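Q: Could you build the full structure based on these sequences and the hints that come with them?
4 protein chains.
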Amino acid sequence: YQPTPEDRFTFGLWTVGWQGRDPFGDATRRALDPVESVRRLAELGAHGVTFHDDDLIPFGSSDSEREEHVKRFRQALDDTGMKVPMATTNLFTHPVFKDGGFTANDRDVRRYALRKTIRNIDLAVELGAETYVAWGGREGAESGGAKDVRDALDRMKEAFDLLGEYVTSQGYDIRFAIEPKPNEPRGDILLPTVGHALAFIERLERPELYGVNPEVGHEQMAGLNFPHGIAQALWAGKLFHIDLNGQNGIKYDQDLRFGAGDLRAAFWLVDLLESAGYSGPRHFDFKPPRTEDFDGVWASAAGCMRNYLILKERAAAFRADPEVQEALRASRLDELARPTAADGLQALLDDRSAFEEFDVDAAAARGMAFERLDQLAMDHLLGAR
Amino acid sequence: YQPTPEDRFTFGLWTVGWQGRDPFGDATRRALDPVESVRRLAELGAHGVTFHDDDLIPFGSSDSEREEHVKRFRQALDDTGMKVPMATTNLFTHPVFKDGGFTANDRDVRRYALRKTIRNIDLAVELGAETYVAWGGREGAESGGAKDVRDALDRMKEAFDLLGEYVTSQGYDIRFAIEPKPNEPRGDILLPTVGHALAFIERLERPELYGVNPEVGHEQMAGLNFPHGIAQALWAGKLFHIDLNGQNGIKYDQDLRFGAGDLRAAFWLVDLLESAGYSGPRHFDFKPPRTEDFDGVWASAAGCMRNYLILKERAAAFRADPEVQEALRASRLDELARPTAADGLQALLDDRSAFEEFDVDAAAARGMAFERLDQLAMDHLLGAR
Amino acid sequence: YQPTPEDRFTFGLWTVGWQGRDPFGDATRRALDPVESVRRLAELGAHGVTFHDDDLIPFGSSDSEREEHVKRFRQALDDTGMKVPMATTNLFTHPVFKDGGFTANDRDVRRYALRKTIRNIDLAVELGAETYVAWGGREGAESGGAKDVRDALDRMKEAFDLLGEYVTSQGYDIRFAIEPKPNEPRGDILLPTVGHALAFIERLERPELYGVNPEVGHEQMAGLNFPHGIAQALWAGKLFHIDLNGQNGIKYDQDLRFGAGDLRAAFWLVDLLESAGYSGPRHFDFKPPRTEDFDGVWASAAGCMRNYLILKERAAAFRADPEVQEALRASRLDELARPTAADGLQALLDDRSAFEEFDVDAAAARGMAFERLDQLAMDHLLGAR
Amino acid sequence: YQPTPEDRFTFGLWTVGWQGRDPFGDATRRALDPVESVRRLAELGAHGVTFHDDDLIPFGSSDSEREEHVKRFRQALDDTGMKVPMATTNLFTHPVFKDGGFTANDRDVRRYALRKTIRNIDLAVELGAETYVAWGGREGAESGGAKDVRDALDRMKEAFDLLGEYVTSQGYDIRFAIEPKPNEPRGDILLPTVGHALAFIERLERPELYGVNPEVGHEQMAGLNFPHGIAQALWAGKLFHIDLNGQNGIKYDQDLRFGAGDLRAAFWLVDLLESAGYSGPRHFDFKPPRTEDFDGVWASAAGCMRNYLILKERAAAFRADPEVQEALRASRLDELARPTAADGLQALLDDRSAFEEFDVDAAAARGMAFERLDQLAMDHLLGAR
Ligand SMILES: [Mg+2]
Ligand SMILES: [Mg+2]
Ligand SMILES: [Mg+2]
Ligand SMILES: [Mg+2]
Ligand SMILES: [Mg+2]
Ligand SMILES: [Mg+2]
Ligand SMILES: [Mg+2]
Ligand SMILES: [Mg+2]
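Residue numbers (my numbering), protein chains in the order written: chain A, 1 to 385; chain B, 1001 to 1385; chain C, 2001 to 2385; chain D, 3001 to 3385.
Please keep in mind that the hints were generated in silico from the structure rather than gathered at the bench. Keep in mind that the hints are not guaranteed to be accurate.
Stated by the list, open to error - Pulled a few chain D residues facing chain A out of the computed Cβ check, cut under 7 Å:
1. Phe3024
2. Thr3093
3. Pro3095
4. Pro3185
5. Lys3251
6. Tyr3252
7. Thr3291
What the hints assert, rightly or not - According to the in silico footprint, chain D covers these stretches of chain C (three or more CB under 8 Å from chain D):
8. 2037–2046
9. 2184–2194
10. 2331–2338
11. 2347–2360
Even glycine gets a Cβ: it sits at the ideal position worked out from N, Cα and C.
A: See the structure below:
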């Protein structure tokens, strides 16, 4: 189960680089040089890396210092063959963003948030990124009167419309992906799920430039079914990127390595991504637990990739099993893919077999055979077939 | 705090009519005649009632029996002045719907679900309803292989498109509202939140005919902020109807009377509905607990209305308080309503006060004053002002 | 992975016998004769069955009817070799129990609850049960003023003390197990977790007669770690019985077949039960989904047993792997089992290596190696070793 | 609603002193001198303050530096009349505690945790504290194999037994209180609820020295009813201390000011504490949101006290209302306080009115009148009576 760069596995600098500070504890690991992270991830078989502006260039850097941080980074990419497919903006760490970036109540903060973002879009294009992610982690409230949500959505639309006007006028080939999260670090965060983000995009001036970047753990922080939400994003044609990790239920954002947390949900996610032909990066947004030293960091990163490849094998074996194919027919998944009324409305109204002469008790008695199908799926996952 | 029919309070027949059967227990109350419910609700000050087809006309009724059930019901409305502003379809109780109505795997069940719905749309128009609600309580799954969600969303779109073609061709003045719920009675339900429903509507052939009917308790079953979701529905212009009740956190659907459960969330909800000028029905989808006899049923229904009117008074007093108006300015809610960059993109890029000469430390030091504002809101809610 | 009666797998009559009624739907399956359930479970390889009084003898039965229901049941046990290791009382379905049994506000209901329980204890002993389970599903409240919880705990202690006096005076060899659940069907249920039940038992007059009967899904309805709670019950010497099923997070009680829901939690549960030498019944309290016909009922029951046996194999292979044994030493699980200060308090206070000369930075730098250990556990679960 | 020191309101140094660092953001406020916090809290009407060792004496301090930090602190207490009723140990911030203090896998860390605790017990007694709190925030795991929970509970019992031997041998008048929390910062924390802590205490060598210190938000992080858990702690005689704050459901630990979050739960909590005659400190463990400057810190602290005093007034008015007293009788709260069978077991078995001649249908028809009682409680809370 060895990864190659053809598997398109990517990692954020901030993931293996997390020093282990949490709300109740200081750092347990020293800071990593981005150049060292690129080299070590390349040896594990990764395809590329991602960054926030402030991961790569320390906040407050002069233009000369900025030049040389980028230069060192580019040499490591050239020296390893690593790519940069996605970048994003840090609009959450600095105290100026304590009430938000794009939807801060103070207007001068909102303008500064836009200028900080635009500067990093230029850098992202220079490094070859095709997707630009926005996670509005500070957009929200802890109390009800602090934020008029209709005015805040006006300001959020204004910001994303201006970013779309900028990339159009510059002739850039980059698209935007909005990353939803329901809460943490704000009491409630605006656009809290995949659904809310998809609905918001349809109100932007150029909806074709915007999609979603869902995260496993974030939808599970609201108790939702992550493969179901991904399926709705694919159905809408909006799955531009994806963040993979693990989460144990409704609690703080754990960011466990992928495959930990809800294992069966990870199986059904890989089944869906591979069956639908998703061709974007398989990005890991995770934190090696602060119990670990650096050997444990690289073991945890390797585990992300290994677990994806094991689940891919088991999902492919499940769908290729003739006995599974007949079970799917037994449960009428073939009929679910057929139109309800391709004959049209008038024919449906005139069809007495659809109502007047429909035998409801005979139809109700038909078992769905879902439990036998699910145990076949369980046997394949566990390698008991 | 006495309600009048001008307050537009409405109740479902199935609410005060719930006999008290739950998953572990038999009924504790006898069945109510719909005519008796109309009379008793009118004396409490309600504006109108709502129904599923199967609440009004017992399943399997002949056409003659159907005539006389409707006739009796219409006489009670004439005898009381009660209105019928909303109706909906029961596509969840009968065993034939055990895998769904519009997205059942069996195609013949899907056609029957459509015909059962269309028959009740005709009746709803006859009785004067302006909104037709769809709650797809059986659309979903308990296991991952049972339901291909992309095919299911194709079938859900096909059904709603056909219903829109029917109402257009008949010349009906009625609109549709989709009611989301995250789970129960299925393990996961399709379109689980307000956001997912709003995004789905934008893919229908005639999006102007469809809005949402959110329920307090349903969004709280996913831990979400209900006033925030309502604000996004209002921002999109899609709040066609609303279901009011109470819920104590993430657990089974409690359907407590409105004002029970999360009291502060109810306060901020009433503040939002009244400030935005929502003019639709204030509908209660609740269940009097099965501990109660019939005197307790009517006390619980009266409590729904009383709590709305108390919160309306306290929310209006909060917004009219000069000291609250100055606190809102102190927290810069006025600046949140102002455009970020009405000067346009080029001016923003050329504005050195937005980046090169922006003092981030001076801006970060400004307190938001949110806690004083929230304690003023708490004092108003409790009548300590 | 074929079960034999030596595996001690047991099932409640109410599990495979569930007709499929849920809060929003009527039954989808006909009622099963208890005699037929005993025969079919014996052919699947079960060890025995369990019952509530009202599963076996319909409520309101005459003494003659009661005789003949028991006689038929005993003949099926003799004809199959099936055992009855546990029984319990139905104090939740009948409307008289709408505010509780042992803690109902009405005193005459509490006395009736005790007499109904005592009558079934006699029958349980006659049939050879060694454990008597109490699930107080109606003991609780939906609102704060309805139930003074200190008075309710007085009444709960009084009831269990009287049941202990009865079994002592009769000379019965049976023990009691309290089954906790946090909510549903009451808004909150008294003694909501394993911990609350264990603490309550220590206040009874004869604590040695009482233990717990925890259920997988019930502790997960509060977001808790089920193997952790079982470990505390074993540590206290109070795990008298256990209920196995599956649950997908914090929501209504799903009662999925064992192994569904949180698969990794099921793995760590089987590891713990087998390592600690638990020798009681492996009881399944589950509901075949109402989508299924009777063939699906027996497939779901068979799946319960199969999944336990697969996880048992993988857990045993994990603990027997020499590379896992060295990883456990690398993470210092051996040191966790060693006393902190067998040298005593005075020696600890005099030990300068424990404080004055302890190198905290050298100790803090030691990685725990937990992630490599957990990936070895994941590889064993999936059969990638 | 002005507090006086007779109201026994207390605050931790770490509460108003929180600088605003969260997992995604740097500090927004400068550090407070403990002397300044004592002075400002005294002017607001507080009774006293609490501390962790590391709040008062920076980690790594020399014995001379330690002397002078304590001396300055004692002068501020003398200069204000403020008391110190509780103290506790920081066993969670330093990296050495990344796998726990008392249950760390490394034995040398466990010994150091005990010595760090004992040193602060001496200081607490010197300052007059009557309660010593233990919050084992790092005791737990993120993965299943990292922690054998039975060995960990052995080590936890060993630590608390040694602390009890120390205070006994020194002749100290101080008692211990264990503070439970279900998760955060570990994936699962040992002793996760009030119930688990109460059960654990009964296994210690000297159970009379140990009680619980429950926190509002912590029990709500598991979806539990906080007044119910407090009632069980009072029933067991173990409520030695209490932590008051607010929490909005199941998510990260918010530590909102008291009265925010679940307002009705706060009302029923104050009703219970005042009715049972709880005479310990009313301690606030809260964090002023990082949106606030120092004026907002003191406004948030003042709000904690104000909300307690408003709820106390409304709860007292509720219990003193003659119409509420008759509603309580209507719902048979008087009968719940009466013994079920003071006549004893034999009389109960011989009482035909308890079973053979009990009219179950007449009893089942009696309404409980809980909804009218709860609306009277709602009217009193809102000041609509
Ligand atoms: Mg995350
Ligand atoms: Mg992410
Ligand atoms: Mg509901
Ligand atoms: Mg509803
Ligand atoms: Mg259950
Ligand atoms: Mg059970
Ligand atoms: Mg807390
Ligand atoms: Mg605390």
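Q: So, for every hint listed, does it hold in this structure?
A: Okay, the hints, checked on the actual structure:
1. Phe3024: Check passed: Cβ of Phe3024(D) comes within 5 Å of chain A, closer than 7 Å.
2. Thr3093: Because about 5 Å separates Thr3093(D) from the closest Cβ in chain A, which is inside the 7 Å limit, the hint holds.
3. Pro3095: 4 Å, holds
4. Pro3185: 5 Å, holds
5. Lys3251: Holds - the Cβ of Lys3251(D) comes within 7 Å of chain A, reaching about 5 Å at its closest.
6. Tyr3252: Since chain A brings a Cβ to about 4 Å from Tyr3252(D), closer than 7 Å, the hint holds.
7. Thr3291: Holds, about 5 Å.
8. 2037–2046: Contact hint for the segment 2037–2046 of chain C vs chain D: violated, 0 residues under 8 Å.
9. 2184–2194: holds (count 6)
10. 2331–2338: holds (count 7)
11. 2347–2360: holds (count 8)
Checked against the numbered hints above, the structure violates only hint 8.
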